[PDB]
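Colleague: Make a model of the complete structure from these sequences and hints.
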Amino acid sequence: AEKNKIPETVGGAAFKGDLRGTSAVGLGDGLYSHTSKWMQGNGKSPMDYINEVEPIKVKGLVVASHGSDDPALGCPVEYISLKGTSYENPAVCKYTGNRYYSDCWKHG
Amino acid sequence: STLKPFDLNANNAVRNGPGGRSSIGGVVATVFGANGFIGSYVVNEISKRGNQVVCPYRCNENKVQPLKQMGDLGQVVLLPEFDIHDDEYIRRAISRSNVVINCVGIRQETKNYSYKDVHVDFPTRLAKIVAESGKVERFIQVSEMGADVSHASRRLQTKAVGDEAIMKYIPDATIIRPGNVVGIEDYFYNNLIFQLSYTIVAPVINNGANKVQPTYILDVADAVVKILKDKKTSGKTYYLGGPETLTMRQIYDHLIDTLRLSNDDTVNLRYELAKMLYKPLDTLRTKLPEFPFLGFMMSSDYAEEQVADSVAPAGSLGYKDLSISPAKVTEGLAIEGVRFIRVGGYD
Amino acid sequence: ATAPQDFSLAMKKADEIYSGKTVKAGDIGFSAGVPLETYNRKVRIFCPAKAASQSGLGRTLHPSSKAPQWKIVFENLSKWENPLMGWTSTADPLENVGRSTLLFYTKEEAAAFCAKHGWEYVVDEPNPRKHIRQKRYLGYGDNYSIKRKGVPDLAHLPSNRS
Amino acid sequence: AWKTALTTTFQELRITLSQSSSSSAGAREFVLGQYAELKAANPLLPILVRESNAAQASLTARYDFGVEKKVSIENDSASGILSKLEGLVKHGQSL
Amino acid sequence: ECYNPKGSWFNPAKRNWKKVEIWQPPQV
Amino acid sequence: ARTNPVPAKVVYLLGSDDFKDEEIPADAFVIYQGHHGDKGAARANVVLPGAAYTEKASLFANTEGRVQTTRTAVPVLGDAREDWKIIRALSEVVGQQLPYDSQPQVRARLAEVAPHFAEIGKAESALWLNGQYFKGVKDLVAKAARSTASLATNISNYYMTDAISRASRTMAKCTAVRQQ
Amino acid sequence: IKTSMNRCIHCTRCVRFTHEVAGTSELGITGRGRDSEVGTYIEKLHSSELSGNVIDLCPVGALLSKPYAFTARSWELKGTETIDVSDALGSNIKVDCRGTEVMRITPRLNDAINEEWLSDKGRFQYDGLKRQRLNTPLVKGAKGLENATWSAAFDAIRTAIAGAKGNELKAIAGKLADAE
Ligand SMILES: NC(=O)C1=CN([C@@H]2O[C@H](COP(=O)(O)OP(=O)(O)OC[C@H]3O[C@@H](n4cnc5c(N)ncnc54)[C@H](OP(=O)(O)O)[C@@H]3O)[C@@H](O)[C@H]2O)C=CC1
Ligand code: SF4
Ligand SMILES: [Zn+2]
Numbered sequence: 001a002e003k004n005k006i007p008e009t010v011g012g013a014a015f016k017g018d019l020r021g022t023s024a025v026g027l028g029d030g031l032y033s034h035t036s037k038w039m040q041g042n043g044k045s046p047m048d049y050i051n052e053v054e055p056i057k058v059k060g061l062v063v064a065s066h067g068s069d070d071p072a073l074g075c076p077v078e079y080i081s082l083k084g085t086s087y088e089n090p091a092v093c094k095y096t097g098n099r100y101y102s103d104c105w106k107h108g
Numbered sequence: 001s002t003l004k005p006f007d008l009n010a011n012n013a014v015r016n017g018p019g020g021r022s023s024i025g026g027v028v029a030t031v032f033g034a035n036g037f038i039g040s041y042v043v044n045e046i047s048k049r050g051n052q053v054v055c056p057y058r059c060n061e062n063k064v065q066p067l068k069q070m071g072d073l074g075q076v077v078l079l080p081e082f083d084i085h086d087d088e089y090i091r092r093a094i095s096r097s098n099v100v101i102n103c104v105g106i107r108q109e110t111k112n113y114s115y116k117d118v119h120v121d122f123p124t125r126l127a128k129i130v131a132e133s134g135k136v137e138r139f140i141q142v143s144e145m146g147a148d149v150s151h152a153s154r155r156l157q158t159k160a161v162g163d164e165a166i167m168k169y170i171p172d173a174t175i176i177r178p179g180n181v182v183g184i185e186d187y188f189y190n191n192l193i194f195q196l197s198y199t200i201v202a203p204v205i206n207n208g209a210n211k212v213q214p215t216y217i218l219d220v221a222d223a224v225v226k227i228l229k230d231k232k233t234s235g236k237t238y239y240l241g242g243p244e245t246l247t248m249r250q251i252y253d254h255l256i257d258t259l260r261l262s263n264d265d266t267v268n269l270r271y272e273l274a275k276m277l278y279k280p281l282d283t284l285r286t287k288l289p290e291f292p293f294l295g296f297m298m299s300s301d302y303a304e305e306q307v308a309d310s311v312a313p314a315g316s317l318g319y320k321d322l323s324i325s326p327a328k329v330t331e332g333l334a335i336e337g338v339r340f341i342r343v344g345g346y347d
Numbered sequence: 001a002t003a004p005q006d007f008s009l010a011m012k013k014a015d016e017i018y019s020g021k022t023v024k025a026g027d028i029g030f031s032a033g034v035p036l037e038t039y040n041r042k043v044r045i046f047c048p049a050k051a052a053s054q055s056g057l058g059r060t061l062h063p064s065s066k067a068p069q070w071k072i073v074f075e076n077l078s079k080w081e082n083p084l085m086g087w088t089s090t091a092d093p094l095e096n097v098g099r100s101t102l103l104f105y106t107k108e109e110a111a112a113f114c115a116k117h118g119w120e121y122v123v124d125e126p127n128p129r130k131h132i133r134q135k136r137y138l139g140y141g142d143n144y145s146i147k148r149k150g151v152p153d154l155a156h157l158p159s160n161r162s
Numbered sequence: 001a002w003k004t005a006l007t008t009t010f011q012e013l014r015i016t017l018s019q020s021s022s023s024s025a026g027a028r029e030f031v032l033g034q035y036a037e038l039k040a041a042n043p044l045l046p047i048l049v050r051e052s053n054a055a056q057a058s059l060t061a062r063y064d065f066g067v068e069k070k071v072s073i074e075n076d077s078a079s080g081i082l083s084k085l086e087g088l089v090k091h092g093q094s095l
Numbered sequence: 001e002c003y004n005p006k007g008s009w010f011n012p013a014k015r016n017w018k019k020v021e022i023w024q025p026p027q028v
Numbered sequence: 001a002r003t004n005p006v007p008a009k010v011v012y013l014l015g016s017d018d019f020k021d022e023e024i025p026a027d028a029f030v031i032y033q034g035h036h037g038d039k040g041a042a043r044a045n046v047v048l049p050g051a052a053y054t055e056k057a058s059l060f061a062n063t064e065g066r067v068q069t070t071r072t073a074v075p076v077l078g079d080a081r082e083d084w085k086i087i088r089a090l091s092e093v094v095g096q097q098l099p100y101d102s103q104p105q106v107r108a109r110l111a112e113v114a115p116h117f118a119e120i121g122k123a124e125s126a127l128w129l130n131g132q133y134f135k136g137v138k139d140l141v142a143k144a145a146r147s148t149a150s151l152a153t154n155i156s157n158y159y160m161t162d163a164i165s166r167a168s169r170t171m172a173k174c175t176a177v178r179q180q
Numbered sequence: 001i002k003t004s005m006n007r008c009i010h011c012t013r014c015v016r017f018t019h020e021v022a023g024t025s026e027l028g029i030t031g032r033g034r035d036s037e038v039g040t041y042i043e044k045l046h047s048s049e050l051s052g053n054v055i056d057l058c059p060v061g062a063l064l065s066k067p068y069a070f071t072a073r074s075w076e077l078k079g080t081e082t083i084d085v086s087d088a089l090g091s092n093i094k095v096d097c098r099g100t101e102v103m104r105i106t107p108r109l110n111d112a113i114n115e116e117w118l119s120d121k122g123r124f125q126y127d128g129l130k131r132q133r134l135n136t137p138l139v140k141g142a143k144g145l146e147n148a149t150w151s152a153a154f155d156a157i158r159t160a161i162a163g164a165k166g167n168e169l170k171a172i173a174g175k176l177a178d179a180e
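Residue numbers (our numbering), protein chains in the order written: chain A, 1 to 108; chain B, 1 to 347; chain C, 1 to 162; chain D, 1 to 95; chain E, 1 to 28; chain F, 1 to 180; chain G, 1 to 180.
Source of the hints: derived by calculation from the structure; they are not laboratory data. Please note that the accuracy of each hint is not assured.
Unchecked claim - Derived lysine-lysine pairs resembling BS3-like cross-links, with alpha carbons at most 30 Å apart:
#	chain 1	residue 1	chain 2	residue 2
1	D	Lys3	D	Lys90
2	A	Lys106	G	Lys2
3	A	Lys5	G	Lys66
4	C	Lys107	C	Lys42
Said to hold, decoys possible - Covered by chain F, per the in silico footprint, the following chain G stretches (three or more residues, Cβ under 8 Å):
#	stretch
5	28 to 41
6	88 to 102
7	136 to 144
8	150 to 159
9	168 to 180
In this text, a Cβ means the ideal position worked out from N, Cα and C, and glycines have one as well.
Modeller: Encoded structure:
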């Protein structure tokens, strides 16, 4: 099945039905998942870690994301739009993978 | 010259590169007896061309050290614990292998292993294990020229019985049958030299009448490569004799000449006497461990195999069928090793 | 296009003062001492075109550019993957020398170098780049011209309507 | 007469000429005057007229089994072109 | 004998790092 | 061939995966030469691997007739070869050896067959001979009948038109997006 | 097309292309002042087959190629100037490769044929160059098409041609066959 499926993105930091940018690594071996290509075990993947973390509520229409708590010990400062975000469909920090959502746009 | 492919199924897909150390050859080989004199050169030839060689060895890290250099990263796989009686280990060793070469043999008996075990039981069990797999495409067995079922010596008789068993289980196996192999690590010239120099008297069975066809190690290794590069060779036995046939007296004389020995130290220990001096010592060997003091030469089996003419049969396959010209073992690079010792201008 | 007016001035002046003695084609290749099979390889003398992502003209043959832009490149040969680590393995000695270091100001310079070493070469001229805007949008004024929909029809005027 | 027999004889006919040259003027006259009649006589025969600025005028006929005979047509009048084509047909008959 | 590259003989699922999928002929 | 149609006994497919099914009599011996496995390869008794346009230095002519040439961006895969070399090797094997033995010799043969092929990168003007051709084919154009078809494109789906596009996953996604 | 509109400097190249060249008129500057934004006001997908060109036209990576996403950097790629066989236009392209893999295809300037524009099929069909590839000669048997060497395939073709004679041999050329 996976041999003839179109590579797709789940949509956490992307959209539900988009193409996934893919290189040809693992195509001969027969591996078609991102984590399978570099991890050969059966342990929990870092993607499994990041999904387990829950979205965090913030006030405002923009949140400053430094990745870590200290600005100089993490990702570059990033400003994420909170417009059109809810718990089910949160905004994502591209560097860290943290998820955010706000109710301010609904005048709350 | 045009490089010829290794005639293995689906090799054309996997193979890529010029054919060197870093190139990819589609040959994965399990060479039993890799650390031995014959096995090391076969491993060198296969691994030199970018192929992967699995070398099962009885635990000895210093003995298998040269095999580490033979190939690039991950090409020479050294398996630590090899036992001829362990089936599961043999299956694991040949798991990924598409060619298997068996160079496992004993020159002398001990208490742990006899001729019948190593030369008969191991070939049959390994033959069954290779046959059940199906992935293995080529099988090569190395045997002596003089091996025959109707042979006085037990070694050369058990070897022929094991070869027949292999031919029965695998019909497409090739039986390589070289003569006395000359090399830097050989047991032919080295034993003759040690006999001439560090032994009180050099006993020669009869007068050296027995004829032999010694061959150089590089020639046998190239013959192995030519066997693997042709599928038409399968199912055939090749008698890899040397270019020149020599009696043992000529070889002893020429060693004495090259070494510039003062005179002839060889004595006439005729047959029917070695058969009485060494006959109890064989039973001595079968109940004691391996001892450097006495071995190989000082056995009735050696005397029995030195009273016959170990020469290729007239109608037979040989180096010409493989398009190889064997190099003379009495001149050139082959004879350099004994030459370095003394040439009369040396020391 | 005017002048660099820097070290390149002395570079060009050293170029014009000095000259090289003529030798038969291919003779220098024997003096080089490299394997003679190197000269069996074929040569392409070309100038790289502009990358479509960027709008800079430095890499192109433009009067702005003062750097050598004509490369000698050799044909691509076999490449495979390392069985252990999947690295790209090669046996081509001349893989990156031409792209990296063989840069020439003029096509004749690269042709002279190839003929001096004995390499057979094919020169590919870059597709000419002319900075000519089309007649529809020749200038900023043309954006708001009457060409868009014609002269405004005045049949809607109340006087013309009545 | 002989114009009917090109199909039976030739598998293909090639007319190479230069687009604008003094040497190929006769070839151009030949192609712009007799190509229609030759095609009318031999409908299914491929008569290929191929041209380039630096091209050298020639008349090539391919016979059965890939045998090709090339005849140079440079600086020859349109009538001479026709005679040379007739000679090509006769040569094809000889085979 | 714990860590080896994924292209090693020891690796359970040995990797041939081929970047192209090969056509499989239809059966029979 | 046109005068007396003959049921083909051996069909050579030079990268043709879009052939009409009636083209092969279904008892013919089919040799497929190409670089993707598709309808052509499925119906082949012998498949000969060939390089793609990214893997070979080859000549193509435009709709305007301008001759342009490809370069070898990436090396050939597996036990595949350049297509003209495959055909010349087969010619030697079958007993009709072809004169050329190198790529420049092939280019010279192309120049002999058509002089414009020597002028790579330049479009050559065509003499206006179209009227004389139609005067030549007077009887044939009369032979041609009328069909109950309307002038329209033959491209059903733009994203998939050749074997490379059909293999492409991205083109399949584009087609799915358009067809929803 | 992948979008990161946060990186968008408000040039109007994408809008001007979509209007003047592509002619689908889908993109516009919606908004006033600093919060002005570029894109379709509704949720719409860019329909032109020239859609890929906005990615090259975008100076600051706000519009990017989704198939070629996070796969390589520019300095890693070797570019070879070749032509596109997707159609008979013969668009001049630059194929960027890392090792043995083609990573992306972008146009080149040729005012004669393709000013600097490339169609989406030509731009994104490199994906199908990694799939369903033929690597080895295949000769048919009772078990189907099976691996064979070049000599064996040529022998089978020789045995087949021996039977056929004259017009029984037939050749069909494909869309991507070259002149040689
Ligand atoms: N003069 C020659 O060299 C000739 C050799 N041959 C034949 O070639 C074969 C080997 O040649 P050669 O290499 O010279 O012999 P060697 O004894 O030099 O090589 C023997 C190999 O077999 C291994 N071996 C022996 N017994 C056992 C065992 N019971 N279990 C596991 N491994 C074992 C040894 O490993 P370890 O070192 O741990 O014992 C060694 O690696 C022999 O059968 C010989 O008859 C053929 C013609 C002439
Ligand atoms: S071309 Fe790029 S930067 Fe310019 S408006 Fe469009 S998306 Fe923004
Ligand atoms: Zn962050």
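Colleague: The structure should be examined with respect to each hint, and the outcome stated for every one.
Modeller: Taking the hints in turn, this is what the structure says about them:
no.	hint	result
1	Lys3/D x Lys90/D	12 Å, holds
2	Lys106/A x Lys2/G	28 Å, holds
3	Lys5/A x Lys66/G	17 Å, holds
4	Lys107/C x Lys42/C	16 Å, holds
5	28 to 41	violated (count 0)
6	88 to 102	holds (count 9)
7	136 to 144	holds (count 5)
8	150 to 159	holds (count 7)
9	168 to 180	holds (count 13)
Going through the hint list in order, the structure does not satisfy hint 5, though it satisfies all others.
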